[PDB]
Amino acid sequence: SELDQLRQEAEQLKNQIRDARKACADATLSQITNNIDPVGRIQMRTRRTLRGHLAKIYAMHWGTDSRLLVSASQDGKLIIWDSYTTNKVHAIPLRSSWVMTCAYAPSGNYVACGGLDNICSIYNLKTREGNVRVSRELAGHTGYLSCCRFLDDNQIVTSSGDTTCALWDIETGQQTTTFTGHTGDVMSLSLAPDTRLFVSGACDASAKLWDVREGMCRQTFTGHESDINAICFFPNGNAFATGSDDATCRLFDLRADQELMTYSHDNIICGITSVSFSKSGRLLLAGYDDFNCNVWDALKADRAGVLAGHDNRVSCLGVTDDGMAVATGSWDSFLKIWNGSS
Amino acid sequence: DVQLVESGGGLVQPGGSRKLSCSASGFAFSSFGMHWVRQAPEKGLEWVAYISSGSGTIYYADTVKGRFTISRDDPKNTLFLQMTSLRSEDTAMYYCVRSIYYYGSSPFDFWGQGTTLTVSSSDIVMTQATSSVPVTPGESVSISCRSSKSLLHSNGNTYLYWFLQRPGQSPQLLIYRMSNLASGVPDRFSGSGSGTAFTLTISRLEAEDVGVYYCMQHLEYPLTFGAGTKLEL
Amino acid sequence: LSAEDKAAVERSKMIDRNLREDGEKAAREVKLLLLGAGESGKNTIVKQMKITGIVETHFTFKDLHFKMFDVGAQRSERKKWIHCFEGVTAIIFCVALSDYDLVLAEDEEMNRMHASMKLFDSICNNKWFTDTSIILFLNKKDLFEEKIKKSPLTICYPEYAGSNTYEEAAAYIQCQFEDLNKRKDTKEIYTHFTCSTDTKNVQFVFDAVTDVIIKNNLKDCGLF
Amino acid sequence: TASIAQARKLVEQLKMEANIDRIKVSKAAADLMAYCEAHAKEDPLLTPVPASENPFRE
Amino acid sequence: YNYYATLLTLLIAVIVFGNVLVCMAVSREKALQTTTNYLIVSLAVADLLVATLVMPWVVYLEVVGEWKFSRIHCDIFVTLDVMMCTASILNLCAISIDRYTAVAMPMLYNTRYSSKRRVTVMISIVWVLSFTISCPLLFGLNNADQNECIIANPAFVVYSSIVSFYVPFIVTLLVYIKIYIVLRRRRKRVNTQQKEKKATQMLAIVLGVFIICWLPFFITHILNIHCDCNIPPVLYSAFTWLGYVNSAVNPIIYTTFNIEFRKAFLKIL
Ligand SMILES: CC(C)C[C@H]1C(=O)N2CCC[C@H]2[C@]2(O)O[C@](NC(=O)[C@@H]3C=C4c5cccc6[nH]c(Br)c(c56)C[C@H]4N(C)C3)(C(C)C)C(=O)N12
Numbered sequence: 002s003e004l005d006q007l008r009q010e011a012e013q014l015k016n017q018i019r020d021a022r023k024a025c026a027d028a029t030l031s032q033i034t035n036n037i038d039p040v041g042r043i044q045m046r047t048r049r050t051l052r053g054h055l056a057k058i059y060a061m062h063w064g065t066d067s068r069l070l071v072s073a074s075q076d077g078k079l080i081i082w083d084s085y086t087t088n089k090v091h092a093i094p095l096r097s098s099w100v101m102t103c104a105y106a107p108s109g110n111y112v113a114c115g116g117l118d119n120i121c122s123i124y125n126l127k128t129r130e131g132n133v134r135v136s137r138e139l140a141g142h143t144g145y146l147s148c149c150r151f152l153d154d155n156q157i158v159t160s161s162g163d164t165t166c167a168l169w170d171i172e173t174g175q176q177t178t179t180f181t182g183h184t185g186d187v188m189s190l191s192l193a194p195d196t197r198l199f200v201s202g203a204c205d206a207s208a209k210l211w212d213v214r215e216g217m218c219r220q221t222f223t224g225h226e227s228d229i230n231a232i233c234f235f236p237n238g239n240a241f242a243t244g245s246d247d248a249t250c251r252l253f254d255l256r257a258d259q260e261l262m263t264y265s266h267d268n269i270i271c272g273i274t275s276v277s278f279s280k281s282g283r284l285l286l287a288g289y290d291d292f293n294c295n296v297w298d299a300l301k302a303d304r305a306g307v308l309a310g311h312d313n314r315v316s317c318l319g320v321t322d323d324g325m326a327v328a329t330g331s332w333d334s335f336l337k338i339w340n341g342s343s
Numbered sequence: 001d002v003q004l005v006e007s008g009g010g011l012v013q014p015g016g017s018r019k020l021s022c023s024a025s026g027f028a029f030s031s032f033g034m035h036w037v038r039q040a041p042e043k044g045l046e047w048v049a050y051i052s053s054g055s056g057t058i059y060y061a062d063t064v065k066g067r068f069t070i071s072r073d074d075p076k077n078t079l080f081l082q083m084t085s086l087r088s089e090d091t092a093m094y095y096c097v098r099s100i101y102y103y104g105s106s107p108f109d110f111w112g113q114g115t116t117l118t119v120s121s136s137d138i139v140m141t142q143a144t145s146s147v148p149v150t151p152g153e154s155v156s157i158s159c160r161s162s163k164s165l166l167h168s169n170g171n172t173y174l175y176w177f178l179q180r181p182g183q184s185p186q187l188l189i190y191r192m193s194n195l196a197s198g199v200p201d202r203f204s205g206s207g208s209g210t211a212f213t214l215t216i217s218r219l220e221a222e223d224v225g226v227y228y229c230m231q232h233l234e235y236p237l238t239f240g241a242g243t244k245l246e247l
Numbered sequence: 005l006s007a008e009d010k011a012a013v014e015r016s017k018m019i020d021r022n023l024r025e026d027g028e029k030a031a032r033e034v035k036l037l038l039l040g041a042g043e044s045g046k047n048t049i050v051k052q053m054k055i182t183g184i185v186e187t188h189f190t191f192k193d194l195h196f197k198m199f200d201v202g203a204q205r206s207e208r209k210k211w212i213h214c215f216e217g218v219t220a221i222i223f224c225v226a227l228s229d230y231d232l233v234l235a236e237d238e239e240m241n242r243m244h245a246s247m248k249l250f251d252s253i254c255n256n257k258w259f260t261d262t263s264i265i266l267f268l269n270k271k272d273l274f275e276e277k278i279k280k281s282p283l284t285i286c287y288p289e290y291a292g293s294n295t296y297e298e299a300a301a302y303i304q305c306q307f308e309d310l311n312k313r314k315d316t317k318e319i320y321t322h323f324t325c326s327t328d329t330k331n332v333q334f335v336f337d338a339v340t341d342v343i344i345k346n347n348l349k350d351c352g353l354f
Numbered sequence: 006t007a008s009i010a011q012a013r014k015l016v017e018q019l020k021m022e023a024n025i026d027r028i029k030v031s032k033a034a035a036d037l038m039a040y041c042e043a044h045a046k047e048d049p050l051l052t053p054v055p056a057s058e059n060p061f062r063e
Numbered sequence: 034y035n036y037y038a039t040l041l042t043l044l045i046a047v048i049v050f051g052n053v054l055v056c057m058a059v060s061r062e063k064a065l066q067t068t069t070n071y072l073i074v075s076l077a078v079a080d081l082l083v084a085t086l087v088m089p090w091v092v093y094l095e096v097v098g099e100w101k102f103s104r105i106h107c108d109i110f111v112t113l114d115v116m117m118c119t120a121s122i123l124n125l126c127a128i129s130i131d132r133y134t135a136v137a138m139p140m141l142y143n144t145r146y147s148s149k150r151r152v153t154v155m156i157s158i159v160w161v162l163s164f165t166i167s168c169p170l171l172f173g174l175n176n177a178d179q180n181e182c183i184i185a186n187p188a189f190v191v192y193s194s195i196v197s198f199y200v201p202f203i204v205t206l207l208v209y210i211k212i213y214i215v216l217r218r219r220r221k222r223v224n225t365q366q367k368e369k370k371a372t373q374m375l376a377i378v379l380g381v382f383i384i385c386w387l388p389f390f391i392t393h394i395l396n397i398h399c400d401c402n403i404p405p406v407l408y409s410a411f412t413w414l415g416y417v418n419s420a421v422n423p424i425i426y427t428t429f430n431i432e433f434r435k436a437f438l439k440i441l
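Sequences listed follow chains B, E, A, C and R, in order.
The first sequence maps to residues 2 to 343 in the deposited numbering.
The second sequence maps to residues 1 to 121, 136 to 247 in the deposited numbering.
The third sequence maps to residues 5 to 55, 182 to 354 in the deposited numbering.
The fourth sequence maps to residues 6 to 63 in the deposited numbering.
The fifth sequence maps to residues 34 to 225, 365 to 441 in the deposited numbering.
The following block holds chain B by itself, in its conformation from the complex:
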């Protein structure tokens, strides 16, 4: 009487919103980018090979100054690096050795990392003492934490395996807003440059964008047939790019409210561990788990280059804020740093 009455109205709305997307889809992005020149072969060499890890690297985030970078590893060690001079800035002994994620604060003060322990421990780097201590042990999630991005020194958005994202307060140590929209385990996060919105893809093959002010699911994107593992924003904050296990990266647009491009090649059938953008956004760096990274072209869906220096599968790759170098971290315990050569 009511269960099937609402199940038919839900499928009607879903049908009603796909007709709107089709109607506003007169052209694709494959047609507005034919007249522009191609990117060419982006041959980026391995400038540095950050080593010292003895186990698999799960995540790495850059800094605001585009020099320091934080690495999360399986051995229970969170290492802050110096990309230029290749010397360890810090190496935090972690309480859990199954750290799935780590971010670096935009001010450089704190570093967060959570994993299978389901707590995103926020470490205070710039402290009065020598050692790096635990500011707060954020707890309240039921599943594994897959991302811990920073809005600022006081607010951290975290994605978890209990199908919920949560906007944490660092001072009080409690959730201020809990984003409960997915039916599958959430794997990614990506903060917008204006820090108001954030999209996060889950294992239900859907990427939802949540506002941090109101706290509800602004939009919902579909199209993938497998689990979305990594999303990053185009540097406007108007488009994100997903990475699934079907070897397809899609370029969903927020104002058009649908997919623009499909970054997929025939020879690759493997998963997409990490996605990233350049400063301009022309190059879409996607980290495939067939041991190498493909330098996709965002506007043309052309494989401009291949970062093929890693023996085991690349897990997290990030590009600096100035866009200088892309550092890719694989499971062979090497954070190679890649940069173009003139």
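Possibly wrong hints are sitting among the right ones.
Calculated cross-link-like contacts (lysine-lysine; reagent style DSS-like; alpha-carbon spacing at most 25 Å) [said to hold, decoys possible]:
no., chain 1, residue 1, chain 2, residue 2
1, A, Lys345, R, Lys370
2, E, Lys76, A, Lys17
3, A, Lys17, R, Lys149
Keep in mind that the hints were calculated from the coordinates and are not lab data.
Using the hints provided, position chains E, A, C and R with the ligand relative to the given structure of chain B.
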């Protein structure tokens, strides 16, 4: 918070052996690189010795080379300076200084209280233009410091450090690497300059800004303090 | 290279030394995975051997550190965190023998024993554990002997001979889990019947882990 | 009543997203392309910087 | 003999071909970079040194039948020949100790840092001891004439042969027996099979080839002194080549039979 209190000395015949013990509490002593700096009565500071973290690389000054040995014990968190064959020149106040070294680090940030050892009876020459300037609180004062060698290194940052020493108090870091500010200093202090002739500009003086301003170079050892500008309210 | 830069390298060398030493200690300790239903006697083994999220239990038996990860508390999909556990020595896999007649709580169409075998099929035939041996424990040996006389094993299996004694039925249950293993040359199942004695359960783990380590060593050496 | 509560939230959520006004792809594609053209010179990965300007030198 | 020289020339290619491929494969693949394989690389490098620094000079000497080079050149040739061959034999004893370590004391071999330290110690001891044995020969204790240069001092060879060949052979035979005792005992316990069968085959093949190749030449030297009886020169020559054949057979016995290495062969071909 953090506290360095060093004891040992005060009555030593010339040629004697006095061992200075610096007891460190409240911080991770093993991480920091310890410094001993000496200050003669009504004279400028001189750098004595440095031990790195883990006792890897130990630097001495030219005047104290071969006579003084610096040792650190990491479990007891104690810094030991063994001073042998003391001269008339070695009457000074020895400060136990802790320094950290990484990108964005603030070395020479915390300073010991100091112990007085009195006795009975080439490198970058850091000079300063004036020695004492009478100024009033509330106006902008510019203390200059001219280096003999260009402190700008190839990596990009110039290693000049500003230290404020109050009368009857220990020195403190307030500007490190000529542009950045230490933890606890207000934003009224601003360091500028380019290449060699570096300068420090205070926006507004207060009662807690009176003292002596030094300008240590840190491009290469030995570390050279300039003859400080005394300020009188 | 400036004095600040040289001391920063000296700090990194000190970080390198401690990080290498910690990795040496991490290599010495033996990681082993723990999968169970949660009410199937997994808890019983953890309390005996010791005397939300992951639970880590450290116990030393004979000149060896054992690290155990109790990952049954997470209700998420296994596919997106089982790849962390690729480098591991063994997988302790607790299955109660009393679960053959008891129905599963969530759906009750499938028996608890069949659900455990579905869990076993996923972990054994996983692409990440093609070389990692599995240690299987049959937890409720005491309860199973009493229950089998009252209720036969025929309710769980359409195809079964019908012996209805402990000696032959338990061996058949052991056979069923071993048959689910598709790859027999790379990984071997080590079945054990869990008893109340604390020493016996830990002894089997020490024996099996030592046996698995020798197989890894011999494969690396090349005698295999 | 768990199924009914979940159904009501899902139906309400879909209605909210449907009211959001969406622009054409052609206008949206041009704006995304415009950002790339504007910041093409600034990007080091798109156009490789010289080795002196590059902080990463072999 | 020109026809006899032609077959010997072919052997030179076989030793180089197997050893070059195995050394390159280990560097390329991280799977082949394990603890035991590094010692196998030492053997392969030692065989290449026999193939390049030693083998053409031996071939040339057979054709001419008389040492036409300088006296100083022969002393270097004798020093290299003894050292590189001893290095090959001692590497097999090093592999024996390494393989025995894995079975007897699994904890030490399992840990990567401790095992890496062992490889550095083992490679150092093997190469330095081989140099130490050949060190007196370099000075000039070879008492050969200027016309024909062969090792003519019997006293030195006896002491040298014991350390170079006899002492490791007693260790190598005993160690592989001990490894076989544990594998046989383990096989009985499991039965009370494919991996154990192959392991039994490997142990027989490893000891067998070493006995077939290196052992004849050394036995003759001891036998000749004790009997005080003349022996034909051809016997020393024939057994010397047979001992060299093992260097060609060394990659096949150690590298090829393992399953992981077989993939490296397919990539090259
Ligand atoms: C050792 C003496 C008894 C053999 C002697 C000899 O009598 N020859 C007659 C014709 C061939 C020649 C000889 O075999 O050929 C010569 N060379 C050799 O026989 C080489 C010398 C060897 C040797 C001598 C002493 C201690 C040793 N430990 C080890 Br490991 C070896 C070794 C390796 C072994 N290599 C394989 C052969 C000349 C060409 C240099 C030689 O010295 N020969």
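* Asked: What hints, given by number in increasing order, does this structure fail?
  -> Hints that this structure does not satisfy do not exist here, as all of them hold.
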